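Form deposited in one PDB entry, single chain, as structure tokens, below.
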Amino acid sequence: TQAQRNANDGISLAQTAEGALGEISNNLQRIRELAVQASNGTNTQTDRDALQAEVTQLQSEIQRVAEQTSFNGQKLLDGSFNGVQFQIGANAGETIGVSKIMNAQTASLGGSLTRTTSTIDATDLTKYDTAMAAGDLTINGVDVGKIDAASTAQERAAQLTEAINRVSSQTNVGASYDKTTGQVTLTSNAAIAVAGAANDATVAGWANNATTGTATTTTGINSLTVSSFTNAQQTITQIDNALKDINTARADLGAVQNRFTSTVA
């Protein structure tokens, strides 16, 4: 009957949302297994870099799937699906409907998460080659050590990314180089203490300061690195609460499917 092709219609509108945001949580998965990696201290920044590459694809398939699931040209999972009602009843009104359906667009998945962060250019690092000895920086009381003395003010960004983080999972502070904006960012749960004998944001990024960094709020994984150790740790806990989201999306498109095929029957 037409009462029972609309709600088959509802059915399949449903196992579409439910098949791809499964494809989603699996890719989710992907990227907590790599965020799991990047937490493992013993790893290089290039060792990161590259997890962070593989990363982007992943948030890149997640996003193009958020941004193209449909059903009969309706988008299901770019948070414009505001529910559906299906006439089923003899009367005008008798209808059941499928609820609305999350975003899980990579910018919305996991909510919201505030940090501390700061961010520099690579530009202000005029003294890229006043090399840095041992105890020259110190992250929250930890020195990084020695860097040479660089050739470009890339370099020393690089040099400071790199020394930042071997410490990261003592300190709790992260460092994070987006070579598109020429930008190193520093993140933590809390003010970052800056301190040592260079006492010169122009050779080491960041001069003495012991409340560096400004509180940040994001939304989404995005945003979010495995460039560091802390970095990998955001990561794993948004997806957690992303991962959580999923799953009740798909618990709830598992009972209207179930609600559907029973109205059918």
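Positions refer to the first chain, counted from 1. Each form is matched to the other, and the largest set of C-alpha atoms that superpose within 1.5 Å is called the rigid core. Compared with the form deposited in another entry:
- Core-aligned CA deviation for residue 72 between these two forms: less than 2 Å.
- Once the rigid core is used as the reference frame, the Cα position of residue 182 differs between these two forms by 2 Å or more.
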The other form holds:
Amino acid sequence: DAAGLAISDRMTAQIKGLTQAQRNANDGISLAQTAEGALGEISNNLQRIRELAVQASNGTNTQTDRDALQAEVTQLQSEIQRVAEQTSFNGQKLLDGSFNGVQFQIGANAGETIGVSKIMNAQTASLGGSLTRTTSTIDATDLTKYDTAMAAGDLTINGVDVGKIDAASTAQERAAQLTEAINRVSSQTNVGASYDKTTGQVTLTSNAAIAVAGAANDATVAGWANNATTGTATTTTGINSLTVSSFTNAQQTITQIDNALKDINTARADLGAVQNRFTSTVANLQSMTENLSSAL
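I've shown you the form deposited in one PDB entry. Could you give me the structure of the form deposited in another entry?
No partners, no molecules, just the chain.
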């Protein structure tokens, strides 16, 4: 009768709806699995940076040694950035900070959904969270008196003499010299230098104000003029500014990479949780579809 036809139609709608819900849940599971897997790949690269930072921290390294290690870190940072910006499921970016929570239709009716929560920005500018330190940056080209020789005592960092520095033949050479001289005593002074040859900038990093003193007192010669509290309190995010160019930088890198690994772990915990929910839902959907097919 008419009532029986309506019941059959209801059961048909439910069977078709729940069957599609199962396919929907598979797609949702697959998206979460994609994100979790890619986060693991980032973790693998983070591990490599961390290891290099442990190596770079050792007091037997030359600047040339640390530069070689930093070259590897730069490549690993670009690889992390690549995974973060490229990782997608069916055209939808997952790890670049644009995935802020989408619903997955896992029932026959409207509103019957499971949400995959916001996935954190895994890009190098964000991954690892906040980083607070004192920094001071100069342009290598500011070293217009690169050809002035530096005697011992001309430049001191936190009371420590960086020693004699030969007259250079370019501003860029003097930038490299100052970086090397400052970094020799980085583990004593807790101040580290990094010379980025792409940007042409030398950056000092420390946990506190940097005491710059000495006989030179000329930024065009020694990069920094005398100033007992040199530097700006800087708070940025991510791992993109991390280097292993100095003891101080490498130490900072170990800590911040650990923060990044922590962020990965928390992100995977959330994705693992939603995978469990999808799996539980699939089981219930299969049971509901089988019982409803038996009713016929």
